[PDB]
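First, one chain by itself in structure tokens, the form deposited in one PDB entry.
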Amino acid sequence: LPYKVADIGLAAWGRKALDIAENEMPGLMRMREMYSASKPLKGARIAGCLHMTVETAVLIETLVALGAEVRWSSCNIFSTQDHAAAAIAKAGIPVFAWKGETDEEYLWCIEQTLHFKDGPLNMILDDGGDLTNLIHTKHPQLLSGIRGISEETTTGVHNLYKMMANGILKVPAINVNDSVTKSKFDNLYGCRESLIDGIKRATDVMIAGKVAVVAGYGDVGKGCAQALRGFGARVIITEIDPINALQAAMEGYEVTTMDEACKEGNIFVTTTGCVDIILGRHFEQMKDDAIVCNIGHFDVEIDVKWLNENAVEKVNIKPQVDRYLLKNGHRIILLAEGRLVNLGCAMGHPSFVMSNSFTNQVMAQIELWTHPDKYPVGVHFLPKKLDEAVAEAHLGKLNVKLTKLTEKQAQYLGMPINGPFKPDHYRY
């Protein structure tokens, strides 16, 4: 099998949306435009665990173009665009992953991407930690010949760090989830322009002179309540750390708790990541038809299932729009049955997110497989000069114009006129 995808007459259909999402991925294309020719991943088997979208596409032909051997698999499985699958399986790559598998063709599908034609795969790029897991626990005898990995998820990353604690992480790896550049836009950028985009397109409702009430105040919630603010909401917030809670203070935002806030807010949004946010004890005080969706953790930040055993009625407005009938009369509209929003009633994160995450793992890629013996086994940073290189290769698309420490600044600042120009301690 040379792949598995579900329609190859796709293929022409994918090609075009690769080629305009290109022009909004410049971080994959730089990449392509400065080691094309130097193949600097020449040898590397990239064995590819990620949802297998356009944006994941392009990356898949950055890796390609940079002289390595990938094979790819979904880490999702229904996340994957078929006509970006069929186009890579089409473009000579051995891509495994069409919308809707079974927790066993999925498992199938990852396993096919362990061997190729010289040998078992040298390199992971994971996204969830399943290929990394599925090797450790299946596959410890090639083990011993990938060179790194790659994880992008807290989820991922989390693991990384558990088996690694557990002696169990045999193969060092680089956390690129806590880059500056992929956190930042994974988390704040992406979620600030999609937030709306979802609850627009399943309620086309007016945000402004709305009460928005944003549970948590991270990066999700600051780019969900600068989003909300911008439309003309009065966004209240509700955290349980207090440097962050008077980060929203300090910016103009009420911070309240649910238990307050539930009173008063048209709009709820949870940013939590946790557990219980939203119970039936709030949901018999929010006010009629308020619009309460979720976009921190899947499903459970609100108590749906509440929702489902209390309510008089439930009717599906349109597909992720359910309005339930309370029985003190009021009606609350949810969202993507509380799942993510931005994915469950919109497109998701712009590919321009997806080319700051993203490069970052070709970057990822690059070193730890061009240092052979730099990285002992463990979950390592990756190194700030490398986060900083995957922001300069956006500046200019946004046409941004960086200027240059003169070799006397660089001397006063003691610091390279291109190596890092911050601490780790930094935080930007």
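Residue numbers count along the first chain shown, from 1. First, how it differs from the form deposited in another entry.
Split into two rigid parts for the change between the two forms, the chain puts residue 252 and residue 158 in opposite parts.
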Given for the second form:
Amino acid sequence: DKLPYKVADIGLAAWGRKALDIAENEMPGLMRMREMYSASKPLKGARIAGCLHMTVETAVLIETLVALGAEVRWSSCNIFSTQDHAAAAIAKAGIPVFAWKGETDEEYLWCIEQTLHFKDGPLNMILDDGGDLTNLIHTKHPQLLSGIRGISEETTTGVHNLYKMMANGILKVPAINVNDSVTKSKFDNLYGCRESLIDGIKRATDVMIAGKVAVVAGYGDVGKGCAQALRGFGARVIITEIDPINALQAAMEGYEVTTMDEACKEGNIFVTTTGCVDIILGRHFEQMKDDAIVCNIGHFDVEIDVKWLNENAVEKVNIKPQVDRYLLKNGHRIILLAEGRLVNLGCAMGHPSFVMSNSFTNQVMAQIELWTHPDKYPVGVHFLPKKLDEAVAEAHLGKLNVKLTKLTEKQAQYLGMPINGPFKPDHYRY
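Would you mind generating the form deposited in another entry now that we have the form deposited in one PDB entry?
Coming up is the bare chain, nothing alongside it.
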């Protein structure tokens, strides 16, 4: 392609490598895939074009993929999710990375297109996060379609769209749904957001959660992780939902479940963990308490109506990067975070490295699968063998010094399951 890469500051690499150094020791999964595959190099010959937030954790993923003999050209899947010191260490490392914190819609797309063509040919693999890359290609670069051996979607929103495509026979290349791995969804979205949400908020506003009424729209794994977090600091969490089953779980957990039409008048902190549009409108903004902290954590920023804020506020003042304090015609203030984009990543460092090793291990596996055994994955979104899913968890058990139990021949017989073989039926919801 063009320039070898492009980032905010390459002089940040020296620092980023330190972050990467510390990060590596916290991601047993990726480092594990390295020891057993560094030599084998199952990814040899592969040209992976990724679109995942360019953070330090992702840096370890990229360096792992390369260790497996892959050829990588990266880009961030969010205009604010990029970590400039992490990206600097990667570029300085020779990996063509085109990502920097605070890009423009235009620069963002350029960065993505920058990863399509390699030295010895175009991308033959895709590691997407949000579907932006797989979508760009399917609708703008069809010519390259027939050459991509596979897709790797990591987020719910993207995987959601992955199915949509198939639903219309649009999907033209076999995909593996990584986000929906037990070790992925139940650990990353849930446990990660629990720790990364409050971070985005605090680093941004530095507000005290205790004694505040926080409103969470959506009760999925992210909504569950977020709620738990605020609730654990002393905030009264109110939940809004459209799914009766997800609504009951919340109620059963002691959370009040209402409509944003009602909650907007009580909330002090508004978090949208939904992947839907029109979650927080002006009809709610005009109802929010003075200095209400509004932010979104759902992948795409389509939940909060920021345009309204910008088109109906009496005044807009920027506190600091990704922190704007509007003044409504009613005299009430509204603190909008990260311009409505992902809050943990846009205002903080995102999920911690240990939990990202889970998702990323699934990512390294998904890639080896699609590349190594293509004929095993027809055009359509697939899941990773539970035996593999089990391999991910088992990989981080040691760092935590967990001592797992081993079934005896008699017990395994009793339960009618392999001492090591998958211990749960597919339908099992862990």
